[PDB]
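Only one chain is given next, in structure tokens, and it is the form deposited without uridine-5'-diphosphate (UDP).
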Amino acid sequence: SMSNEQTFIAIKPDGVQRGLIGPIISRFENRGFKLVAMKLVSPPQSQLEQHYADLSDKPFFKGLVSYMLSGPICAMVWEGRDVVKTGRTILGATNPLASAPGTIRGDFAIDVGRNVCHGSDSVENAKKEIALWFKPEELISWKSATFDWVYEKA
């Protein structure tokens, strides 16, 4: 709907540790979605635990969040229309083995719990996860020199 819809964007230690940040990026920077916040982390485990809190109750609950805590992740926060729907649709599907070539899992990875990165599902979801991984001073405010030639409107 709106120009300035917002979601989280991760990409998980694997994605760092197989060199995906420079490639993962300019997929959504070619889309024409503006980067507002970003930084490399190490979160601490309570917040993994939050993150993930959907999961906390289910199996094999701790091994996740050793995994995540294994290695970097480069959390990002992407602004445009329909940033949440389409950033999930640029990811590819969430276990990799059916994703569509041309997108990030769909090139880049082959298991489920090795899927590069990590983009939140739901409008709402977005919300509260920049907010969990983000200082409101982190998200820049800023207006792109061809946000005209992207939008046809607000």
Given for the second form:
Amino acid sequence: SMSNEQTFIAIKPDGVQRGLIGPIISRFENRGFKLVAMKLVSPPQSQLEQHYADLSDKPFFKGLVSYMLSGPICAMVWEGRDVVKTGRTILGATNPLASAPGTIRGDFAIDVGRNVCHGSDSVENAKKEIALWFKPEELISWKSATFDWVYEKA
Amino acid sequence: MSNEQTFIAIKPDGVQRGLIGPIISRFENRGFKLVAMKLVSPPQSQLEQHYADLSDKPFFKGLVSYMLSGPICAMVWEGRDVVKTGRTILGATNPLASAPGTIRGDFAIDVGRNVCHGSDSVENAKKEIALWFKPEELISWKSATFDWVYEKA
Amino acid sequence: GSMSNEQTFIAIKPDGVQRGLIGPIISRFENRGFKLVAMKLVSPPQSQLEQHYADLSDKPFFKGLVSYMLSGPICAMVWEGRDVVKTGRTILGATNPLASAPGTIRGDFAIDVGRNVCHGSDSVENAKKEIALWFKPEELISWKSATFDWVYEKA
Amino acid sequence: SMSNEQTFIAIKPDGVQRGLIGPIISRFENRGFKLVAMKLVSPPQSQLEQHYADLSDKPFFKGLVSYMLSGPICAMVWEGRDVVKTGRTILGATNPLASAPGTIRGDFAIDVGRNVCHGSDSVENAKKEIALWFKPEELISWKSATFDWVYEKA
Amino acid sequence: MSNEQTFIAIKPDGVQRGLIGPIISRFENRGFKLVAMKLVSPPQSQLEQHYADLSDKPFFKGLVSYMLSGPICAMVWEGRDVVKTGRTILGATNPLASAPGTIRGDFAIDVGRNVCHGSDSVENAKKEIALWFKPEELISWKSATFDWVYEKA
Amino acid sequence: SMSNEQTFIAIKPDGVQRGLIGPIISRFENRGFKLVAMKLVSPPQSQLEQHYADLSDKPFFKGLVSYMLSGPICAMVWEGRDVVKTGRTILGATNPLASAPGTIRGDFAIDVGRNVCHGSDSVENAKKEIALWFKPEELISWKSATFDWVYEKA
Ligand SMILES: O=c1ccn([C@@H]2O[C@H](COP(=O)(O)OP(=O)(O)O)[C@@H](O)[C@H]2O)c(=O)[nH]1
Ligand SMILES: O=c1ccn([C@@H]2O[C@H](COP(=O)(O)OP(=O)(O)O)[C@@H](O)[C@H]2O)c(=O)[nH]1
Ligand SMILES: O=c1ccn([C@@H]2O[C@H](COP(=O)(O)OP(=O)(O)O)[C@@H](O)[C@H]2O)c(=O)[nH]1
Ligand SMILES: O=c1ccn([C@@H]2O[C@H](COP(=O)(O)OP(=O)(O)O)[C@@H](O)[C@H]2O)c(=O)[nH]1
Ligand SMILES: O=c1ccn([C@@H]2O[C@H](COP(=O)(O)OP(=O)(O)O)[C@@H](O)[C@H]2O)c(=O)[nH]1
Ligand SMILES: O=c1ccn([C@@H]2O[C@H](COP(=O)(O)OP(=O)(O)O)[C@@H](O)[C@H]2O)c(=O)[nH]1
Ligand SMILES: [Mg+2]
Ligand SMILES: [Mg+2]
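So that was the form deposited without uridine-5'-diphosphate (UDP). Now I'd like the form solved in complex with uridine-5'-diphosphate (UDP), please.
Full assembly next; the chain just shown is listed first.
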């Protein structure tokens, strides 16, 4: 588990509408993770259905896609050690009802269909989702000035 | 199911220590709707009725005395599963067993000074709301972000 | 001398309630050292609102101002402290958020003068009038803060 | 003053390096302004020289361009009534020494060459800077759920 | 029991990353009383003496050199069960196992960069307090809200 | 030069009693200044009377000294460019009734006799106050990881 692991984090349209962009970004920023890509986007329905392709047969799929289209999305790539698993921990349980206070959903969300944000569930799915949402040149290369104080190793 | 209501009270120690704002913000930020609120020092008969289950406990008179020792911020919050999730936001009744990030896990130490109260069940909530609030004190309104907080109900 | 039991009437207008600013606004007054002695969430009738703004009944914005004050709940409060009337106004910021300084309530949270989130009594005498208009006397709670002697050097 | 006025706000590399992305966004989010475009970019030097074209003969021009190249930049377009003028007020004085606490520079910055952020200084400069930093399809059209609570008119 | 004391230290990474304020506020808001604090760069022998129980395990020389790499904010906090609740506030020793809401759950990632230290037992706290502070550096005072934090001493 | 300027900041007993230690430190931390010395201390009356020697003939002197004895004090030395003057601006006006919201006294204080904090009013007075409150070995020399992002030059 190296310090250059990457995950895809998105602020869903409800998170944008409810003014949660700053506080969500600060949650990852304060943790020590590094933002290498970010853009506000309103992606087409095809991209969103590809993003959720493994859920294309679940009954909430059509409503989830329609809701993911209903507003802007803040799409992000965060880099850091174990950023995929720890990122999921920071977001909280997929259903906010099972989320703990102190996580994103435990502080801000209630309904699973309005759970404010998305986080890649695996290293492999993160690479696929990063490629789906970003062009390679949208990922910025830089090194944080506090790298050696966040990490004891590479 | 999103119109479930619960009774939340800031106890006198929470008022004395300046926790009214932070506690309200916990429920506001989560997405619940405030439908009734008032700062009160209720009569002792109301407090004894509120804690009627514990009237024979050894700490009952001391609990009633402390609940009379300062103002109380009484609130009704509305939202899906607000009773159970409201209890989770407050944290364990004994702060020593509470997790940081909850109200008691951030601000409280002693179980007799746990700064807040929350109804433990939908049925108990309906009693406590009727005990603490007149019907005309519950305000009916629709949040501008209701459809962004809830997908249904 | 201006004593520590001066009182003012602070109200969170319907837009402040709708945008989730109840907690933040109360914290500004809590953190400053002022004491909350009365508070209730209320939906007052139009007559009460027109009385509250009686001195502006001839202003061109009065009709929409009253209607907007009826469009949602109001969090009505009485705060107690030394110079709480004037200092309360400073905390709220300029009536028009365009001319308010960041760090005040309006300088942090509002834009339009018709959506300036909050209200505060502009004088001691008008504070006493507004407190009686909005609250019954037995809704004002008498209590003493545990940190009174650390907020105040004198009565 | 119409509510659809736009301004360009940028978080300079020192603001990104010092973990101020979340706090700065929240300042504009909490005030009621609308984010219509955002991206983390490492722009080419020609774009930076054009952005600061008025200062191309100043003695600190080359040092300014070099520091603007030293890290990622969070570029944003915010929309709201008088967002250009009020945005400069939210940022505080260009020299943080003359800035008041409660503004961004009054809370986070000290040196004028490290003042963490940029804001358009006029309506027409905003249009020029928006066109320079953003493709027109990067501005997202949407309506805030609390628009009628922030604004009394159009 | 409300006079229990623990040793809390902000490690050089916490100082370097500008976390002194937030960490103090975490203990301050819980209701604990700060009775001693100083910014200090202790000698290597004191650091080796502090982690002497882990002297022959790995990561030892690296831990000492890192604890020497910057200033340390040493603190003594006082309150009921402050040793155990203090550790709960810090979060799990390895930040990857900590929960959001704790100090490490909000701010840290690597166990070798876990921002803070807290005594793990009442007896180890007394030793660390004696190791890090002279007796006259512990200040005696009573919080104005002591009776609103505690129901009993 | 001037980036190593130092001032004396103290959190008075009322600031300690009201649980404001964390917030006050965060104001200076966030601004970019470097904490080089700090201790919780209960100084004797002679040190307090020497600190306020230039006020021994003001009528509020005796009450000021006895109140400065009534609880612990958090004494600090902060380092940064113009930290003396900018420190005063961060604290706010001496009388909190004249302080602007967003400063420390504008956010937390009311009475001038309970104005929470103290800051050196001049470079020359800071040096005398620093030597009065701290031994030279209590000042810790270190280099902030983000020094080059806070300052453009020494
Ligand atoms: O019953 C369900 C399950 C999921 N979702 C939504 O579908 C997304 C993707 O579901 P997944 O199982 O991938 O959970 P996640 O990986 O997002 O935690 C979730 O974030 C929810 O917003 C939903 O609306 N209803
Ligand atoms: O040993 C105890 C148990 C409870 N309480 C107080 O009594 C209240 C009611 O306790 P209950 O069992 O109903 O738990 P809750 O419903 O408050 O979570 C608690 O919140 C405490 O404030 C107390 O002082 N001592
Ligand atoms: O041109 C104006 C002036 C005022 N108002 C509103 O009506 C109130 C009138 O209050 P006043 O002019 O007495 O100033 P305030 O005491 O609120 O600062 C203001 O707070 C605003 O909410 C408005 O909508 N338009
Ligand atoms: O003496 C100076 C003046 C300006 N700048 C930098 O150049 C930018 C552009 O200056 P301008 O006059 O446009 O002020 P702004 O419009 O950014 O407030 C400033 O923000 C600073 O970052 C600088 O480094 N030194
Ligand atoms: O594998 C490890 C275990 C611990 N530590 C460090 O050594 C300290 C002491 O470890 P201990 O087992 O005492 O845990 P603690 O009591 O600090 O929670 C920890 O806080 C870490 O900073 C480390 O660098 N690597
Ligand atoms: O009428 C006064 C003036 C000052 N003070 C206190 O004594 C200090 C005197 O400091 P000075 O007048 O030099 O101003 P400062 O340097 O603190 O801004 C103030 O900070 C207050 O805490 C007071 O109690 N009454
Ligand atoms: Mg999935
Ligand atoms: Mg008026």
